[PDB]
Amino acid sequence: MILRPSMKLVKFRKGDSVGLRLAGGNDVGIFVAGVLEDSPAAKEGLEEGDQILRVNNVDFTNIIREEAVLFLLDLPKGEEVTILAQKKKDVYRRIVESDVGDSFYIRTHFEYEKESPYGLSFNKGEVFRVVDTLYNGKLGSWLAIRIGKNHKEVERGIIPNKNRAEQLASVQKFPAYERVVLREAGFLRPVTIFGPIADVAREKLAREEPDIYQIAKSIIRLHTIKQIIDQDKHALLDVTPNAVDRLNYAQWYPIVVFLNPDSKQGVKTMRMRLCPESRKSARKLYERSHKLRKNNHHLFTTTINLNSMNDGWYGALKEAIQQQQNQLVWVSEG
């Protein structure tokens, strides 16, 4: 390789184009792929392979390729442009060797139908790593990598860009495309338990490990729950699906564990072992569980098949609470 030269600063009159095709993106930065042969551009410092850092004092460092070229479209004809540039042949070789320019993650919030074999369909919820923001030489269509099982990079497709995406969203909270990153809770997370012994779990955990656990005094009232988090203690909560959907909204992501009853009689065998005082019908508890399951399991993060013969649940519960707590989640950044 070689060392970098001094930082260029440049003034030249825009014709009916600045005469500049670009490579790059946000992570590697916005570079010049080419100068228009004969241009006012080329009359200055701007050869192939320089990075564009600034324009009319505008931050080109944290800026997607697409919404570079538009900023370079917008600029009135026959007007001055004041680009602050640096060569960086080291960063550009990499670009041309492996294209890589754009890299950010976007969580979807609307269904889409694929209208071309390379396109990707997607429910609301599907996170995508966006890697191209002018697919080939075109506005409208981004390149993307599908993100599914344990956050892997699984399928390489093309999707509608952010604005088109909101159109198709509009003809139907949440953009069409949220921009998100991966984080672990900087705090202990509220816990939400479901299934026919859920009330015994809150009982047991909260009592038998009263150091880590505290049942939030109820209905939601999350100053009950913050004033519980503040204490490095898990907010055990008896709440509902909407009540959860809502806490998702705020990115206060709880852990939602589902204790899946094995059988109708199962429940009875179990509740009898653990709470003979309880007056609550097993039929009624089983029946609930399945509605809650049949309608929206999008709630529960992790689930646990109660084995009615024992109380292994209690263990595999602790485990899961304490291994989800070590789980990276998606959170917003806009």
Given for the second form:
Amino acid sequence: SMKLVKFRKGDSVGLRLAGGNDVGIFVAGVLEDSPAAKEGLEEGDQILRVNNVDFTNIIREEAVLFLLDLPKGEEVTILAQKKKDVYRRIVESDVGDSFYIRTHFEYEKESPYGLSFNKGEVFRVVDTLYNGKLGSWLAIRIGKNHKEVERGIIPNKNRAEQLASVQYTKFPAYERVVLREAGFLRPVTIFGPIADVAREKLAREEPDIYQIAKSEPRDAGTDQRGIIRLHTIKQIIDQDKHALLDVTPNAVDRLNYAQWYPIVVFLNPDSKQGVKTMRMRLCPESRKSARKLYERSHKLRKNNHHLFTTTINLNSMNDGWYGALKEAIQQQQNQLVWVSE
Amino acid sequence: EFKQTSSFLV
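Now that the form deposited without the partner chain has been shown, please provide the structure of the form solved in complex with the partner chain.
Next comes the full complex, and the chain you just saw is listed first.
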């Protein structure tokens, strides 16, 4: 049975909140005498709606700030319901919040209970008011095989967006993500010292599935080696074919932002000599230095590994990498992708 | 370890 209470606010609404978006916001306690205590509200009640706002799927931090932000002297209306069956079992288990975020900045733990991260890591956030205060989020790291590897504290979004500003992407510090299946053929970026051979090879031998996207003209005073437009890519997606892209790491990030999440394959070199041996076998004409090509891929892995979707280790002695690339691409295509909510 | 703990008084 529902309760609908109506009262004026004085200094505070006079409530302590538990739960979160995965279970509901529950009344953890009432300050005595208060107009909210007067109108019936008590421990164990789920807050369903406040004023004109739905509280059934709001994160705990957001609910606290909303009740804080309410003007004193003015009228508050609350839909609630006694659900002691569930509030009691919000105490046995941690359960409160549950949603996923992607990090778009580097953070180093400020405590041994903290969690460090690089760009692109994903987290299940389980508590938006660690220790009943604002400042930290309790969260679980998600990496390989989508498994919960580690649990610990991180900054709340407010501090995060602020910690991230000391790096001036179009991305927010924390973005809300969720798992989806690609309803289209994902563009394919290939990095490493065999990428150019791989792009040409895939397009040449398997033109039915793959297509190279044409580069725009070269910008004056660059390196003498052009960006690709969203229109050029979209038009290739428009005919159930994988767009092969020769683009920079940042273009990949802009592509991630425009929700086109390309399959990003890094072909990891064997050695300097192994690169030459593969060069001699696959493109004996090419004038590109095996030295530079090897240093480029290490520098690129050094600074942009977060953008890698998959990795294939090159064995100079064979061209098994090709067959492995074909399979890696189709594998990635059928994978769930963490997508902006 | 890691109990939820009620919010402050709002």
